[PDB]
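**Student:** Below, each chain spelled out in residue letters.
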Amino acid sequence: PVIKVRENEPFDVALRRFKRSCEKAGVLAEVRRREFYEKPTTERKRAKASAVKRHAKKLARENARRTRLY
Amino acid sequence: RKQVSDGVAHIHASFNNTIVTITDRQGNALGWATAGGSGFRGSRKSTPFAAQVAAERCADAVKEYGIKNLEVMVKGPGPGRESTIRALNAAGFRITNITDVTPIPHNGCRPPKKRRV
Amino acid sequence: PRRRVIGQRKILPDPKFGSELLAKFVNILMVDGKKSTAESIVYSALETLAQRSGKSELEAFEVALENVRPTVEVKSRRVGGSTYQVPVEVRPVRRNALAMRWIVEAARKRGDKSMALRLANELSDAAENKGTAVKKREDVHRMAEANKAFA
Amino acid sequence: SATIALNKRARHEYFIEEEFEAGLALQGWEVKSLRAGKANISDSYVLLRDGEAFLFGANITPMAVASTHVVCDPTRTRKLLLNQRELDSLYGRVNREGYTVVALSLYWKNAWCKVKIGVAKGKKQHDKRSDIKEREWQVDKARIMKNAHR
Amino acid sequence: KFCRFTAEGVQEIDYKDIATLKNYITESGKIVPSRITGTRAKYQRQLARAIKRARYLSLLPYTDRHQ
RNA sequence: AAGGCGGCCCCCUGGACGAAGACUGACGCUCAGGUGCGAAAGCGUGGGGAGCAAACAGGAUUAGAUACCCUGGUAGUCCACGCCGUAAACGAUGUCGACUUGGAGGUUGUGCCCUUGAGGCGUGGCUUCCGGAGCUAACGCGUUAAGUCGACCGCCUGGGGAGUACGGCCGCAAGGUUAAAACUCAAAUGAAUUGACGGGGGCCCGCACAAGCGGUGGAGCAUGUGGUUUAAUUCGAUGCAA
Ligand SMILES: [Mg+2]
Ligand SMILES: [Mg+2]
Ligand SMILES: [Mg+2]
Ligand SMILES: [Mg+2]
Ligand SMILES: [Mg+2]
Ligand SMILES: [Mg+2]
Ligand SMILES: [Mg+2]
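Chains as they are written, first to last, in the numbering used here: chain Y, 1 to 70; chain B, 1001 to 1117; chain R, 2001 to 2151; chain U, 3001 to 3150; chain E, 4001 to 4067.
Treat the hints as calculated values from the structure; they're not laboratory data. All residues carry an ideal CB built from backbone N, CA and C; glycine is no exception. Treat each hint with caution, since some may be false.
Computed cross-link-like contacts, EDC-like style, restricted to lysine to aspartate or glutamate with a CA-CA straight-line distance of at most 16 angstroms [claimed, not checked]:
no., chain 1, residue 1, chain 2, residue 2
1, Y, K4, B, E1071
2, Y, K4, E, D4064
3, B, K1068, Y, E7
4, R, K2148, R, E2057
5, R, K2016, R, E2057
6, B, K1075, Y, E35
7, U, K3128, U, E3013
8, B, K1114, Y, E38
9, B, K1113, Y, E38
10, Y, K4, E, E4027
11, Y, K24, E, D4064
12, Y, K24, E, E4027
13, B, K1113, Y, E35
14, U, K3124, U, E3013
15, E, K4030, Y, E23
16, Y, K4, B, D1006
17, B, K1075, E, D4064
18, B, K1075, Y, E9
19, Y, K48, Y, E38
20, B, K1113, Y, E43
Estimated spans, in silico, between C-beta atoms of each pair [said to hold, decoys possible]:
no., chain 1, residue 1, chain 2, residue 2, range
21, U, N3095, R, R2101, 53 to 61 angstroms
22, B, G1092, R, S2056, 38 to 46 angstroms
23, R, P2001, E, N4023, 54 to 62 angstroms
24, R, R2094, Y, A47, 49 to 57 angstroms
Input sequences plus hints: build the corresponding full structure.
**Tutor:** Right, dumping it as structure tokens:
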């Protein structure tokens, strides 16, 4: 991403904008999974393990609204 | 030598080392510095402080050219991705553009196997 | 204490002139329950410093403390046996306390005819940023600001 | 360099506390075999009688029978030359519950053979587990710290 | 949000449209996921094909950097 | 159908689902023997080979490491034509038909109402999570049942021996398939519970750390301890907790 800083802009805010752009692009987070070979078996296992937790959280959110006042 | 008004600083960072190099506008290196040569050995050169030391050494190594308008290009998931840039800024060099071009294979060559540590 | 979080205790108003700063200076300068002679020494030194600097005693003490006032504490929050310290900003109360502790410690460090004379001589240097307090502040600040990549 | 048959198994099998650089006393045909001649230092321990802490377990192969008068005994108890000042540790801290001192290695010191001795004790297969666990755990802690701090 | 294609009754999506299609690509040339766009699974699979057609025909860059 | 399939385009083509219809008229289900497909690995011929990577070499750890950590690295992984029918080929749940409370979704089509906004009511196919009766040894299934029945095939009869040998067939081979007997034992197992353990995790607490402030290891001396000497150096206390 091009983060060419214009005039009258502090280096601090310029670097923060660059870091935010990198974070929203998610380039740094992709190397931690592209650094090694994940077998298709392992990838599918991770995907289902993440899907199971992803609606289990919503299931618990919608189920904890019945009892347990505080 | 012949002084250049504009420059591009490439910061190739990695998990174990960080290299910073300078070119004018086309990819012709002028000065380079590494954390290994910055007085650090082993994993001790992987700290962002070592990256800052390497960046300031590279800035000192390019004093004879006097670059005023610099554009920084980061590459690699290293701790120095911000330390090198801030060191370059603090060394008196003005930054004009900031970019992070990192090689992202589109499901290309197969990476090595998982390490069972 | 993990759960019991207490506040800050109150000290005597230092009825010599009346100042919490002076009371804290006295109760940190005193040792072995010798508050009487500690007060005599510190008051003699401050009265000499008043004429030596031309200003009031309290104002001259406050500005001398401010001129050697530090800003960063270098604590040891390392995760284990590995050496990993951390500098942090200091709250104003602990800042003043540490500054006056450094002053009274330099008083013991530099020797002379009497502790009153040592205190007077060291305050006459902290007035124009000399002695030991400012040197210690600089020596702590250089190593507290040279390590910025470590958070 | 000048190293000869050593017993590194006993280092893992025991807790070496202190070491002695005392020498060994051996007869003919054996010191020559130390150069070449297949000396083996397995099952080595001291056999204190009164002040005579002989090394009992050692098999040095005799390479010749050209002197066919003296009977060859590869399992001979070899005498040991140690200062009486430092021999107090051996008549002292040996017979408490299981303390032993074993021959860790044997080397050369200016054409004279020196056998390194060491005071140690057994592990009962539970100290070995703890040692291996700690050796692995320090490595794992260093690795995880390095990975976390990138 | 809501599927604007269904809201406006857009039956088909053509790669030739760029002004109203740039809204579905990030600044890095990546496709905005459905969980952020608010688009149905019927039209996400057609938006992806249109974006791929535009990338092939140099109408929308694959990424910010190419050379 | 299963195995399994992921930029885009072009050509051929199989299969699946829906409103409203028209049409033959039991043409329907299963199926030993047989036929075909069928992960990867493997084999033969002809190609290619960027990266990865059995075997192999070197380096490192360890008492030892013919391994896990690292640098290289051939077969192979990439293509065409041939051989095997092997997987935890799993949903450990065979194929087809009917019935049995409900809730919250995903995907796909259609009908209607004023569609001003994915406004509202219906209606079929696939699929996901809870959950009632019921079932089960219990975990658990629960309209896609492991609930009640109907039609058929295959398989099971203690754990080892053993899916082994022989025998027949298949295959260039590796091996696959069909499949025992002698001998040993009184056990071999699965679901769940209580403790215990983990180099599993989370939370909490105590001058436990941090923060401070004083001390002990440096030096006279004091009793006390172990060892030594001695006639005895009188008994016990021997990590915190002597
Ligand atoms: Mg293959
Ligand atoms: Mg390898
Ligand atoms: Mg090796
Ligand atoms: Mg099966
Ligand atoms: Mg059939
Ligand atoms: Mg259920
Ligand atoms: Mg067989």
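**Student:** The structure should be examined with respect to each hint, and the outcome stated for every one.
**Tutor:** Going through the hints against the structure:
Proposed proximity of Y:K4 and B:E1071 is supported: the alpha carbons are some 8 angstroms apart, at most 16 angstroms. Using a Cα cut-off of 16 angstroms, the hinted pair Y:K4 and E:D4064 holds, with the two alpha carbons roughly 13 angstroms apart. Distance restraint check for B:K1068 and Y:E7: the Cα-Cα separation of roughly 14 angstroms lies within the 16 angstroms cut-off, and the hinted pair is therefore satisfied. A distance of roughly 39 angstroms separates the Cα atoms of R:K2148 and R:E2057; the hinted pair therefore is violated under the 16 angstroms criterion.
Taking the CA atoms of R:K2016 and R:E2057, the gap is about 12 angstroms. The hint holds against a cut of 16 angstroms. Using a Cα cut-off of 16 angstroms, the hinted pair B:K1075 and Y:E35 holds, with the two alpha carbons roughly 15 angstroms apart. Restraint check for U:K3128 and U:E3013: the C-alpha separation of about 8 angstroms stays at or below 16 angstroms, so the hint holds. Among the hinted pairs, B:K1114 with Y:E38 is consistent with the structure: their alpha-carbon atoms are about 7 angstroms apart, no more than 16 angstroms.
At roughly 8 angstroms between alpha-carbon atoms, B:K1113 and Y:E38 fall within 16 angstroms of each other, so this suggested pair holds. A hinted pair counts as satisfied when its Cα atoms are at most 16 angstroms apart, and Y:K4 with E:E4027 qualifies at roughly 14 angstroms. In summary, the hint linking Y:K24 to E:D4064 is supported, as the alpha carbons are separated by about 14 angstroms, within the 16 angstroms threshold. Between the alpha carbons of Y:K24 and E:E4027 the distance comes to roughly 10 angstroms, so the proposed pair stays at or under 16 angstroms and holds.
In summary, the hint linking B:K1113 to Y:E35 is supported, as the alpha carbons are separated by about 9 angstroms, within the 16 angstroms threshold. A hinted pair counts as satisfied when its Cα atoms are at most 16 angstroms apart, and U:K3124 with U:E3013 qualifies at roughly 9 angstroms. As the CA atoms of E:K4030 and Y:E23 are separated by approximately 14 angstroms, the hinted pair is consistent with the 16 angstroms bound. Between Y:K4 and B:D1006, the direct Cα distance comes to roughly 14 angstroms. Compliance with the 16 angstroms bound is thereby established for this hinted pair.
As the CA atoms of B:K1075 and E:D4064 are separated by approximately 15 angstroms, the hinted pair is consistent with the 16 angstroms bound. A C-alpha spacing of about 24 angstroms is found between B:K1075 and Y:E9, which places the hinted pair above 16 angstroms, so the restraint is violated. For the proposed pair Y:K48 and Y:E38, the alpha carbon gap of about 15 angstroms is at most 16 angstroms, so the pair holds. At roughly 14 angstroms between alpha-carbon atoms, B:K1113 and Y:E43 fall within 16 angstroms of each other, so this suggested pair holds.
Judged by the Cβ atoms, the range 53 to 61 angstroms given for U:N3095 and R:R2101 holds: they are separated by roughly 58 angstroms. Roughly 45 angstroms separates the CB atoms of B:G1092 and R:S2056, a value that falls within the hinted 38 to 46 angstroms. For R:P2001 paired with E:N4023, a C-beta distance near 56 angstroms keeps the hint of 54 to 62 angstroms intact. Between R:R2094 and Y:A47 the beta carbons are some 52 angstroms apart, a value that agrees with the proposed interval 49 to 57 angstroms.
Checked against the numbered hints above, the structure breaks hints 4, 18 and satisfies the rest.
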